[PDB]
Amino acid sequence: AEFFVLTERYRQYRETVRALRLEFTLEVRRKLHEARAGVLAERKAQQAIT
Amino acid sequence: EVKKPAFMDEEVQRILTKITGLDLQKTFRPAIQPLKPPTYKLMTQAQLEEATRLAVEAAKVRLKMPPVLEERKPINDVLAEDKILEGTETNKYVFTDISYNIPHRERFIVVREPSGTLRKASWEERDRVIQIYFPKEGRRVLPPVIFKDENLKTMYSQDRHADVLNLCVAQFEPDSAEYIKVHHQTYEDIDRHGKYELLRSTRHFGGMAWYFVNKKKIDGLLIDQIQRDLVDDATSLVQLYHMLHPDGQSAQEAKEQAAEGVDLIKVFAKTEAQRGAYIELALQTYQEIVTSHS
Amino acid sequence: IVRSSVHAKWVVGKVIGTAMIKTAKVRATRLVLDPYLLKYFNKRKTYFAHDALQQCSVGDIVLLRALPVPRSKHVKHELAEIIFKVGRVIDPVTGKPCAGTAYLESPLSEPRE
Amino acid sequence: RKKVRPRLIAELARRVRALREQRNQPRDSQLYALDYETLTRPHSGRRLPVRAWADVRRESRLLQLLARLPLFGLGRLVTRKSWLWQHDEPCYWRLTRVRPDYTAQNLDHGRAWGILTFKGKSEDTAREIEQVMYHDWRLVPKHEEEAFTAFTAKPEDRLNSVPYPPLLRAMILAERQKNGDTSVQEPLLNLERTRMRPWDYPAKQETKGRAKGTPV
Amino acid sequence: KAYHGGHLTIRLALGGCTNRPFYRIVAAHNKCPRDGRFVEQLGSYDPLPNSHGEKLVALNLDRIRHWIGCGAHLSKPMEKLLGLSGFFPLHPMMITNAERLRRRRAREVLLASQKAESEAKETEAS
Amino acid sequence: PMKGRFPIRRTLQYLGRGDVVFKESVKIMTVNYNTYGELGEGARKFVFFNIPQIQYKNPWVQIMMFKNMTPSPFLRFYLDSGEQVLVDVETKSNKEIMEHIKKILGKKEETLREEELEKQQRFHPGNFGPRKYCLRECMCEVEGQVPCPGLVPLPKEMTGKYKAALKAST
RNA sequence: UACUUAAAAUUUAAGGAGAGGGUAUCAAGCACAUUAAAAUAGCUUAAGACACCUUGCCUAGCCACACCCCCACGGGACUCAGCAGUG
Ligand code: FES
Ligand SMILES: [K+]
Ligand SMILES: [Mg+2]
Ligand SMILES: [Mg+2]
Ligand SMILES: [Mg+2]
Ligand SMILES: [Mg+2]
Ligand SMILES: [Mg+2]
Ligand SMILES: [Mg+2]
Numbered sequence: 051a052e053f054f055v056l057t058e059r060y061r062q063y064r065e066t067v068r069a070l071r072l073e074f075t076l077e078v079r080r081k082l083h084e085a086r087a088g089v090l091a092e093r094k095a096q097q098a099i100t
Numbered sequence: 063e064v065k066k067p068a069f070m071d072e073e074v075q076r077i078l079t080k081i082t083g084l085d086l087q088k089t090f091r092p093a094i095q096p097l098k099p100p101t102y103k104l105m106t107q108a109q110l111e112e113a114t115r116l117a118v119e120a121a122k123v124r125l126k127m128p129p130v131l132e133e134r135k136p137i138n139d140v141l142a143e144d145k146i147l148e149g150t151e152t153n154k155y156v157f158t159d160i161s162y163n164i165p166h167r168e169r170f171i172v173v174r175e176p177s178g179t180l181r182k183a184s185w186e187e188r189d190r191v192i193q194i195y196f197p198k199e200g201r202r203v204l205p206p207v208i209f210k211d212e213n214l215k216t217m218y219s220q221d222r223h224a225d226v227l228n229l230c231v232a233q234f235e236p237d238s239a240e241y242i243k244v245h246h247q248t249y250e251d252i253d254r255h256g257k258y259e260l261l262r263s264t265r266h267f268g269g270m271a272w273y274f275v276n277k278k279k280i281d282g283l284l285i286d287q288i289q290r291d292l293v294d295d296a297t298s299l300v301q302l303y304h305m306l307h308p309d310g311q312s313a314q315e316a317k318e319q320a321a322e323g324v325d326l327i328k329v330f331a332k333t334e335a336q337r338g339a340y341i342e343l344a345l346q347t348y349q350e351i352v353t354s355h356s
Numbered sequence: 003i004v005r006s007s008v009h010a011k012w013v014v015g016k017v018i019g020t021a022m023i024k025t026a027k028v029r030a031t032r033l034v035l036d037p038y039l040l041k042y043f044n045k046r047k048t049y050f051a052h053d054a055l056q057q058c059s060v061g062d063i064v065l066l067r068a069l070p071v072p073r074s075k076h077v078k079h080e081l082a083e084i085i086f087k088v089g090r091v092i093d094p095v096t097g098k099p100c101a102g103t104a105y106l107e108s109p110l111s112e113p114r115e
Numbered sequence: 003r004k005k006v007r008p009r010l011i012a013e014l015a016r017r018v019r020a021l022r023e024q025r026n027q028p029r030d031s032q033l034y035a036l037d038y039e040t041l042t043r044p045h046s047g048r049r050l051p052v053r054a055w056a057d058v059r060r061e062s063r064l065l066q067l068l069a070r071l072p073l074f075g076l077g078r079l080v081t082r083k084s085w086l087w088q089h090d091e092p093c094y095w096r097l098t099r100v101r102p103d104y105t106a107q108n109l110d111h112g113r114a115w116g117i118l119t120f121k122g123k124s125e126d127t128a129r130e131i132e133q134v135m136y137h138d139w140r141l142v143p144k145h146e147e148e149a150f151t152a153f154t155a156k157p158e159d160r161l162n163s164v165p166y167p168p169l170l171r172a173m174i175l176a177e178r179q180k181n182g183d184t185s186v187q188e189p190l191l192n193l194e195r196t197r198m199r200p201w202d203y204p205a206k207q208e209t210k211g212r213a214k215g216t217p218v
Numbered sequence: 010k011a012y013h014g015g016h017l018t019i020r021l022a023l024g025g026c027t028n029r030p031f032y033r034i035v036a037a038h039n040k041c042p043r044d045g046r047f048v049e050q051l052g053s054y055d056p057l058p059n060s061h062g063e064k065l066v067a068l069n070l071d072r073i074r075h076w077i078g079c080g081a082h083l084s085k086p087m088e089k090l091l092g093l094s095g096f097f098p099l100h101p102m103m104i105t106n107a108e109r110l111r112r113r114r115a116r117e118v119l120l121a122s123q124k125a126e127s128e129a130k131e132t133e134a135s
Numbered sequence: 002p003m004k005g006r007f008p009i010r011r012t013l014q015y016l017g018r019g020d021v022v023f024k025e026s027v028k029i030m031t032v033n034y035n036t037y038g039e040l041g042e043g044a045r046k047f048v049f050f051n052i053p054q055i056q057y058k059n060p061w062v063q064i065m066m067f068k069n070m071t072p073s074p075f076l077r078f079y080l081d082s083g084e085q086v087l088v089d090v091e092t093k094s095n096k097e098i099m100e101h102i103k104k105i106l107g108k109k110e111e112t113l114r115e116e117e118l119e120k121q122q123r124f125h126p127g128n129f130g131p132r133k134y135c136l137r138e139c140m141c142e143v144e145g146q147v148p149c150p151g152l153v154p155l156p157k158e159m160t161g162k163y164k165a166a167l168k169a170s171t
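Chains as they are written, first to last, in PDB author numbering: chain U, 51 to 100; chain R, 63 to 356; chain N, 3 to 115; chain 0, 3 to 218; chain M, 10 to 135; chain T, 2 to 171.
Worth flagging that the hints you see were computed from the coordinates, not collected in a lab. One or more of the hints may lead you astray.
So, partial list: chain T residues that the calculated Cβ filter (under 10 Å) puts toward chain R [unchecked claim]:
#1 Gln122
#2 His125
#3 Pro126
#4 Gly127
#5 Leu136
#6 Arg137
#7 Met140
Cβ coordinates follow ideal geometry from the N, Cα and C atoms, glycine included.
Hey, can you work out the whole structure from these sequences and the hints?
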C-alpha cells in the first residue's frame with residue numbers, strides 16, 4: 051500500500067519539477083537573448099558609431 | 063475635495079525649511095570621531111565667499127528631513143496550509159529571498175510554521191532578517207535597549223533629543239510603530255519643557271512642528287519663536303496651521319480680515335490658541351521692545 | 003575572416019634587422035610601471051613581420067598587422083605600413099618632406115612635383 | 003621553458019595497450035556466461051542480485067528462443083516476463099535483425115534489433131534491443147499474435163496542467179500587479195512538454211557500455 | 010584538481026564548529042569536496058533555532074533559478090528546503106515520512122490507552 | 002628626498018588623477034615631439050606630466066614616443082578598425098592636449114560607472130566566507146544566533162557528548 | 001540539462017600585453033632561423049641567452065606526485081605519501 055502510493059508521488063513530483071526546470075531554462079535564454087540582441091543593445095551599438 | 067497637505071508638498075517643505083533655519087556652526091559642529099590633521103588654503107574674499115556658499119549647499123543636503131509616514135499595517139497573509147507537515151517540525155523556518163536587485167519592501171520573506179501554515183513574515187520579522195543579510199551601518203539586528211522609556215528619559219535629561227532621533231532613524235523604519243512611538247515621545251518632552259531650540263538647524267525640526275500642527279498644539283512653539291525675535295518664523299507656522307486646518311475657526315477668521323504678518327498670529331490667539339493669553343502677551347512685549355528700542 | 007589570437011593585433015616598432023628573406027625583424031617598445039619606483043621604463047619586444055616586397059630598411063618605423071594564421075614559428079605579423087622611412091620622413095601635419103626638425107620643402111610653396 | 007622532455011615510453015605504452023584490447027576483445031559467449039549452481043559469472047566473478055535468482059532458473063534468454071526458429075525468428079514478436087507482470091497493455095519487440103554469436107556452441111548469445119511497442123504505443127523506427135542476455139524473454143506464438151497485440155487506447159486522464167508551488171505562484175501574481183497587468187487568472191504549469199517515460203522503458207542499447215576483457 | 014566528468018549541483022556545504030553546524034548553500038561541480046571549490050554561493054542555512062526560535066534559511070532565488078535553468082542538479086536536503094519554503098512542491102518522502110510518523114504516534118497513543126485500561130484493571134483489583 | 006624632478010609624478014595618487022580612459026578601439030598612441038623649440042613646449046610638458054597618467058589608466062595601449070623626427074609635434078592614434086586619428090598639438094598647452102584627446106577618443110563618465118557596477122555584481126553582503134571575500138565567516142557572528150562554541154560553551158543538551166551518554170543510558 | 005538543435009559546468013590544444021628565485025668566477029648558446037624555383041645565412045644573448053643550483057604557489061583554493069626506473073610496453077631492489085598502528 052505504501053510502495054504504490056510513494057511510487058506515484060515520485061512520478062507526479064518529478065513531472066511538476068520537470069515543468070519548472072523547463073520554465074527556468076526558458077527565462078535564462080530569454081534574458082540572454084535580450085542582452086545580446088535586445089532593443090537597447092542595438093541602439094547603443096549604432097549610437098557609438100555615429 | 064481640497065487635498066490635505068502632505069509632508070513633502072513643495073509648499074510645506076518651504077515653510078518647514080524656513081522655520082527650521084540654518085546655522086553653519088550647529089549643522090557642522092565637530093564630530094567626536096577619529097581625527098586627521100587639518101588642511102589649509104589661502105583664499106581671497108571672493109574665494110572665501112564661494113566656499114561659504116558650498117558649505118551652505120551641503121548644509122541643505124545635511125538638513126534634509128526624514129520621512130513622516132503613517133503606521134504600516136500588519137502583514138497577515140497565509141500562502142498555504144499544508145497540514146500533512148503538522149507535527150513534523152518543532153521550530154519555525156524563515157525563508158528570505160536575498161536576490162540583490164530587489165527593493166527590500168518587495169522581497170518575499172515567508173515562514174513555515176510547525177502547524178504547516180506557510181505565511182508571509184510579519185513586519186518585525188522582515189526588518190530583523192533584512193538586517194542579517196543586508197546589514198545597514200547604524201542598525202542592529204535586535205532592537206537596542208536605549209529606546210526604553212527609562213533609558214530615553216535619561217537622554218532627555220542630558221538634552222540629547224537630536225541623538226534620540228538620529229538613533230531612531232538608523233534603527234527603525236519610518237512607518238514602524240516603534241519609530242512613531244519614539245519620535246512622538248521626543249516631540250512631547252520638548253513641548254512640556256520648551257526645549258525647541260535643541261532641534262533648530264537640524265533635520266528633525268520639521269517633523270516636530272508638523273506633529274504639533276496636526277495635534278493642534280503650536281502654542282508653545284509660537285511663544286518660543288516670538289521670544290527669540292523669530293516672528294517671521296512664527297507667522298509661517300500660523301500659515302501652516304491655517305493650511306492643514308482650512309475649516310478651522312482661525313483659518314476662516316484670517317480670510318474674513320485678510321490678515322497678514324503679525325495679524326495672523328493675533329488671529330490665532332483669539333480663535334484657536336490653547337493658551338491665547340500668553341501668545342498676545344509675548345507678542346505684545348516683543349512689539350514694545352522693538353518699538354521702544356527702534 | 004577571424005582575427006589573430008595574439009594580443010598584439012597592432013604593434014608599432016623599429017626595423018632593427020632585415021637579413022631574412024621577405025621578413026623584417028622589428029623592435030617594439032612598451033611602457034611598464036616599476037612597482038617600487040612607480041616610474042615607467044621601456045620594455046622592448048622583437049616581432050618578425052612578413053615583408054612581401056622587401057621594402058623595409060633598418061631604422062624605419064613601421065606598423066605591423068597580426069596575421070590570422072601564424073606563417074611560421076616566429077612570423078605572426080605582416081607589414082601593414084611604413085610610418086616613417088629612415089631619412090625619408092614626410093611630415094604628417096603638412097605633408098612636406100623633412101630632414102629632422104626642418105622642412106626640405108617649404109609648406110608655403112606648392113611644388114606639386 | 004624547453005626542459006619539458008619528451009616521453010617516448012608513455013606514448014609507446016598507450017598505443018601498445020590500445021592495440022592489445024582490439025586484438026583480444028571478448029565475446030558475448032564469454033562475458034555473459036553463467037554458473038547456474040552459484041549464479042556467478044566466471045569472467046568477473048560477479049554474483050547476480052538476489053531478486054534475479056528466481057528468473058535466471060525459470061526464464062530463458064532471447065537468443066535461446068531465437069536459435070530454435072528459422073531465420074532466427076525474423077518478424078516474430080518477443081515479450082518479457084517483467085513486462086507481462088507489470089503492464090496490462092501489450093509490450094513487445096518486432097524482430098528485424100539478429101546477429102548470433104557464432105562462437106557460442108549453441109548460438110545462445112548475440113545481438114538483436116527490432117521495433118518497440120511499449121504499453122500499446124509503437125515506435126516508428128527499429129533500434130537495437132537491450133538486456134538481450136537477461137532471463138526474462140517469452141516468444142509469442144504465431145496463432146496468439148492477434149489476441150496478444152490487440153489494444154484499444156483509453157483517453158488520457160493524467161492532468162495536463164497543475165498549479166504553481168505556493169511561493170512561486172505568489173511571486174508570479176506579484177509581478178503581474180507590479181507590471182500593471184490586472185488579472186485573476188491562476189498561473190498554470192504545462193506538463194505536456196515534459197512527460198516522463200516509465201522507469202522500465204527500454205533504453206538505447208547503442209549508447210550503452212560493454213564490459214572489459216580483463217578476467218578477475 | 011582537474012576533474013573529468015560530473016555535473017553542477019546545488020548542495021549544502023557544512024561550516025561552523027563542533028555541535029554548532031551551519032550550512033552554505035552553494036552551486037558546485039559534483040566531484041569537488043563538500044567544503045572546497047564552488048561556483049557560486051546561493052544562500053545559507055542555520056539549523057539551530059535563534060533567540061526567537063526561528064531556523065533561518067536564506068535563498069538567492071534569482072540565482073537559484075538561473076542554475077536550475079542550466080542543468081544544476083539538487084541534493085535531497087536542498088529539495089526539502091525548497092519544498093518547505095514553497096518554491097518547490099513538497100518532496101515525496103517529506104509526505105511519506107510525515108505519514109509514517111502519524112501511524113507511529115497513533116500506535117503509541119493506543120498502547121498508552123491499553124496500558125491505562127490495564128492499569129484500570131489493576132484499580133479494579135485494588 | 003625623493004630623487005628626480007617633480008617626484009610627485011611617482012606617487013599612486015598622481016598616476017590615478019589621469020582622466021583619459023581610451024575607448025576599446027584605441028590600440029596605439031605614437032607621440033612625436035621635439036626636445037628643442039618654442040611651439041612644442043606644451044608637447045614636452047605633455048610627455049613629462051601626462052604620458053604617465055595615460056599609461057596608468059590604459060595599460061594595454063602601446064605608447065611609443067619619437068623625438069625630433071619632424072618639424073612639429075603631433076599625436077597619432079591607431080585604432081583596431083585600421084583608422085588612424087592624427088592630432089596636431091603645436092602651440093597647445095599640455096592641459097589642452099589632454100582635453101582634446103579625452104573628447105575625441107575618451108570614454109564618457111556614464112560608461113565607466115556602468116563597468117564599475119558590473120564588476121561587483123557577484124559580491125553579496127549576505128554571503129558567508131573568508132574575510133578576503135565576505136564580511137562574516139559564520140552565522141555565529143550574527144546577533145541573536147547561537148554563538149560559536151569556542152567563545153561561548155553550548156548547553157549540555159546541545160552536545161553530542163551528552164546525547165551519546167543518554168542513548169547509552171536508555 | 002535542453003532541442004533535433006543550445007545554455008551551462010568541466011577540461012584539452014595552440015599561444016602571448018605584462019609580470020615571475022639564485023649564481024655573470026655560468027658569457028657565449030651551437031641549428032637554436034627565414035623563404036618555399038627549394039635557395040638565403042640566419043636565430044638567441046650584458047635590456048642576461050645558455051649552463052648549473054634551490055624551491056611547491058596562485059591560497060574560497062591551485063599544481064605535481066601515487067613502491068622504484070621523469071614515462072611504465074617492459075624491467076626491477078615489488079607498494080599504508082587512505083584510517084589506525086609498528087620498526
Ligand atoms: S566559527 Fe561560527 S560556530 Fe565557530
Ligand atoms: K614519478
Ligand atoms: Mg535498470
Ligand atoms: Mg671561483
Ligand atoms: Mg611513476
Ligand atoms: Mg612507502
Ligand atoms: Mg596505495
Ligand atoms: Mg599512515
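Hint by hint, here is what the structure shows:
Hint status for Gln122 (chain T): holds, given a least beta-carbon distance of 8 Å to chain R, under 10 Å. Taken as an interface hint, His125 (chain T) checks out: its beta carbon lies about 6 Å from the nearest beta carbon of chain R, inside 10 Å. For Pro126 (chain T), the interface hint holds, the least distance from its beta-carbon to any beta-carbon of chain R being 6 Å, beneath 10 Å. With a least beta-carbon distance of about 4 Å to chain R, the hint placing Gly127 (chain T) at the interface is held under the 10 Å criterion.
The interface hint given for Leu136 (chain T) is met, as the beta carbon of that residue sits about 7 Å from the closest beta carbon of chain R, less than 10 Å. The beta carbon of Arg137 (chain T) comes within 9 Å of a beta carbon in chain R, closer than 10 Å, and the hint placing it at the interface holds. Below 10 Å, beta-carbon pairs count as interface contacts, and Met140 (chain T) has one with chain R at about 9 Å; its hint therefore holds.
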